[PDB]
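Just the one chain here, the form deposited in one PDB entry, laid out as structure tokens.
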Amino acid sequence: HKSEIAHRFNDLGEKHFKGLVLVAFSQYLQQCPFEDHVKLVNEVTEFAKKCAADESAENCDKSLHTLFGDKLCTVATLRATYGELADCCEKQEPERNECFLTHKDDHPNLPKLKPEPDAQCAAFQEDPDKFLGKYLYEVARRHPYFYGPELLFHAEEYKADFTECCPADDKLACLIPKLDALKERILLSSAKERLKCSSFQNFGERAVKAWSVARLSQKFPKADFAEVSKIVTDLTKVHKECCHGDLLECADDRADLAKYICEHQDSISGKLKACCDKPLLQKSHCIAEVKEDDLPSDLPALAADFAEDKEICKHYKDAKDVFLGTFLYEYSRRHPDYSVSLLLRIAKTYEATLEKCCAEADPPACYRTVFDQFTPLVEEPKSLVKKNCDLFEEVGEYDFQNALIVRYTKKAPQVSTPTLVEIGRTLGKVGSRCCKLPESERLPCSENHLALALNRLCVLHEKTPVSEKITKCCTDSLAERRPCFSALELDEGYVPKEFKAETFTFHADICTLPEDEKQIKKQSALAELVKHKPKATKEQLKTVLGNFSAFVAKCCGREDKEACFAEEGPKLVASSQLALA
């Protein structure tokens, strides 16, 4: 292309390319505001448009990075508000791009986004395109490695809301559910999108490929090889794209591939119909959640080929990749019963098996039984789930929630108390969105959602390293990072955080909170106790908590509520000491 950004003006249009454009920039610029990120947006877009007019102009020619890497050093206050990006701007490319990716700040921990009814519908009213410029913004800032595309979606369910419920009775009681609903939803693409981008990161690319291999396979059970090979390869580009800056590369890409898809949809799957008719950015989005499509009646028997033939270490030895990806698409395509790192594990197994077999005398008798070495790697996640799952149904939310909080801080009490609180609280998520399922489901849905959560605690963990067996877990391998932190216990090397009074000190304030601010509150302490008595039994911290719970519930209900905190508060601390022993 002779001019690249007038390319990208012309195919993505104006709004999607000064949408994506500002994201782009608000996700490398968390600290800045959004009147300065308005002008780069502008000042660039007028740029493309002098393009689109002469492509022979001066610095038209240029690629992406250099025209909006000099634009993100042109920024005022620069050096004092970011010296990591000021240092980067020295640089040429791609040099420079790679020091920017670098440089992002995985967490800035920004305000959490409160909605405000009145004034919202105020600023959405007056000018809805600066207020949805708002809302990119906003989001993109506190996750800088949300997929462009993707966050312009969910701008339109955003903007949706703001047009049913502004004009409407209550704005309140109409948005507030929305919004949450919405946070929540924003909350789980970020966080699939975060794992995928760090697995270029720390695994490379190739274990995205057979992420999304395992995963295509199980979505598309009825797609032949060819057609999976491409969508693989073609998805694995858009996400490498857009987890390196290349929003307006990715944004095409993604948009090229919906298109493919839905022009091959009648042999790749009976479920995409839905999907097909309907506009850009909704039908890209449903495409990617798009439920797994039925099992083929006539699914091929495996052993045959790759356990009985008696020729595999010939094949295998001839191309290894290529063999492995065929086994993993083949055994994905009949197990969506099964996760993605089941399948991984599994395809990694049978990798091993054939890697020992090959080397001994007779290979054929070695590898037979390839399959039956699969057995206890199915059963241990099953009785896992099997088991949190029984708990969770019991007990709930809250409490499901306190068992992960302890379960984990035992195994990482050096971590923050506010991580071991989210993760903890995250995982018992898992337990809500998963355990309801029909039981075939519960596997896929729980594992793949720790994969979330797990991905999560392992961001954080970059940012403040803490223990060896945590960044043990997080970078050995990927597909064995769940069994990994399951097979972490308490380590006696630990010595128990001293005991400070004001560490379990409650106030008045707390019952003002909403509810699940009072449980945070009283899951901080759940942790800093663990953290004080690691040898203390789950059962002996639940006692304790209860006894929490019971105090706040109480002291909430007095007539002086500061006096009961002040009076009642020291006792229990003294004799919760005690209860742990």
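Residue numbers count along the first chain shown, from 1. Whichever C-alpha set is largest while still superposing within 1.5 Å between the two forms counts as the rigid core. Compared with the form deposited in another entry:
Superposing the rigid core between these two forms leaves a single residue from 476, 468, 321, 509 with a C-alpha shift of at least 2 Å: 509.
Superposition of the core reveals a Cα shift of 2 Å or more for residue 119 between these two forms.
Put the two forms on the same core and the Cα of residue 85 is off by 2 Å or more between these two forms. Annotation: Cα of residue 490 displaced by less than 2 Å between these two forms, core superposition.
I have the form deposited in one PDB entry already, so could you send the form deposited in another entry?
What comes next is one chain alone, with no partners or other molecules.
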């Protein structure tokens, strides 16, 4: 392949190629107007066609990286709008892209994209191409590590929704449920993918493969070890390319993998057939989301091979990584009911046990009981989910979020209020989604979702580190991350944040906010109450918040809203203090 970009263009097709370039640019250059991005995509795409037709043309042999980078450095507003991102252009590859990646913004704080059915159907009417391009543009800029080929797929869902619902008399009736569900799907996928990219960055490729050996062994328990390994090797390569911004290569390799999975579905899983009848993007998504296959009925006990066999230290000496990979695959396929981290924790203990045991002068004797060690590990997660789902089913979502906001704020009161509020809200929604699920599916859902929320917190906290405890938990070890967070507790040495009346002062402009923005303001007040009076109980904190909430509702219902806030406000701010002693 003389020319990489011809090759990409040839393999991907003009539409998706175009689509991926729009996405890539929107992730790198998050503020630029949609129109500026359209032009860039068109330029790159032109040059691609020149090359596909003639690979000797000036510059067609340069790497995609180099071509994209040079293109980014061309932007007329780069310095003006993106500032020090412009300094990256002085660097050379591969450092240039590294430098660009660091400057992707994980908290871009763009206006909340909400469904406006009368509005959007008519935008869908006025110009559709701009409409489906904009969607990709808006999602990409808000989620700078979003999984390239998956975004193009959600766009199609987006198109299919509008095309169906905009003709009916009752567009909103049809439309809103659909868009609401799609926002949720986007959030979850973006969090899933950010965790992969975070793992590459902080723990490396090894950690990403183990995580993936576990997950895929659970999904495809029927598959033998060499399949799993092959698929995992290819999928890691794919996600590494996407996390680094190489969306064309990412996508091209992803189509190859989807092809491979579909040509070997008999040897992988029986739940693949419907997926493998689909067009490309649908097919890849369908595979990404496939239900776990049924446990096979011919699997032996793991003891024989992993506790009883007397040459185990021998094997473990010769092929450490391989042999432990074999343990992880075997253990994970038997346990479709465990979170990926729990599995990884288990594997780490096994590895640790062998190194301990294999120095002792009779290793069979001790590692004989290695499986006893996994009991307490399995049990802890089971307790946390039961503790949380119990609280959730009792008090409802909003109260659950509140209880989590308080709990996390006590653990890490230095962390910003916007971040504390976000994790707590996110974790409340996990309660709604996960708790109603069968126990075989509840542990994994809440713990796999919890992993994603902790990662988000660590991503935000790494932008501007403020708590050492948090850094330690975020950077020590992916498998121990949840236990590390669970162990955090209010430090005896924490100095309360000094009181600031303004921080608890509300005004009428809250009345015109969306409900969820209303709750965010209230929930932010909650976190600050905790920062100022950290020793206050959750029950005292719930009462004070109830009083602010009753105050806001009333004043927002008043004829003279502003007079109500002005008179009533200071009374609350005063009494709040004493209520939290």
